[PDB]
Amino acid sequence: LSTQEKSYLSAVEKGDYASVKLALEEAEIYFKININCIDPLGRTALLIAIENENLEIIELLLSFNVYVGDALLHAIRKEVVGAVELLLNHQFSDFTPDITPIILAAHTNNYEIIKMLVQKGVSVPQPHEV
Amino acid sequence: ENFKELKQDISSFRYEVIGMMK
Amino acid sequence: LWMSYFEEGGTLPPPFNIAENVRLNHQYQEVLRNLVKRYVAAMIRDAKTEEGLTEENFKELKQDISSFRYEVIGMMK
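Chains as they are written, first to last, in the authors' numbering: chain A, 29 to 118, 135 to 174; chain B, 733 to 754; chain C, 642 to 659, 696 to 754.
Excised from the complex, chain A in its bound form:
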């Protein structure tokens, strides 16, 4: 924050690339801000890039090892294929503790994610009949 993270968030959301990168490896050495602040509405810069589906920023952020959190879940909800395409290979949240990637993936019929996660291999739990 401190009118230091505000520029970072604005650059990320507006679509800039060079400025965002420069901010990354500047704050990486001056230890001035945290890369993973959530100012406005609990929105990590990663989430901001996710919801604008801007692939370049997301793939750049994966380089700097910024904390991921349950961003995979947000991408799944948003139905963006490239985001989960990248994320797949390598406190209190707003998602119920029950939900796993496959459950939410099935909650929205979108062939691609179901096929991908089946390729990786999962196993949805089964209930006990009554």
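The set of hints was computed from the structure by calculation and includes no laboratory data.
Wrong hints could be hidden among the right ones.
[Claimed, not checked] Okay, derived cross-link-like pairs now, BS3-like style, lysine-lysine, Cα gap no bigger than 30 angstroms in a straight line: (1) A:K34 with C:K739; (2) C:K739 with C:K725; (3) C:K714 with A:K34.
Using the hints provided, position chains B and C relative to the given structure of chain A.
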């Protein structure tokens, strides 16, 4: 969402062109 | 109707009729904070980004394109 994505893509193309102009 | 019965008030058919809360406030406030956070994040934000388009969006898109045109033309020469 479509509004956001269109406007953001245009803005990114603007920034790239301006950066590579000079 | 149900809540009419939950107390030890009647408990008989008519024939046979004759600190303590600072800690509670402490935890209750945390619960309230969690609920209001979840609500603000999950409805007044998340459901706003689900509304149909209007003529404002047309204006803004076309104007932004025009501005980018003017800037590029100005910096070409």
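So, going through the hints one by one against the coordinates:
1. Restraint check for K34 (chain A) and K739 (chain C): the C-alpha separation of about 28 angstroms stays at or below 30 angstroms, so the hint holds.
2. For the given pair, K739 (chain C) sits about 23 angstroms from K725 (chain C) by alpha-carbon distance, which is consistent with the 30 angstroms threshold.
3. Under the criterion of a C-alpha separation no larger than 30 angstroms, the hint pairing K714 (chain C) with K34 (chain A) is consistent with the structure, at around 21 angstroms.
In terms of the numbered hints stated before, the structure departs from none.
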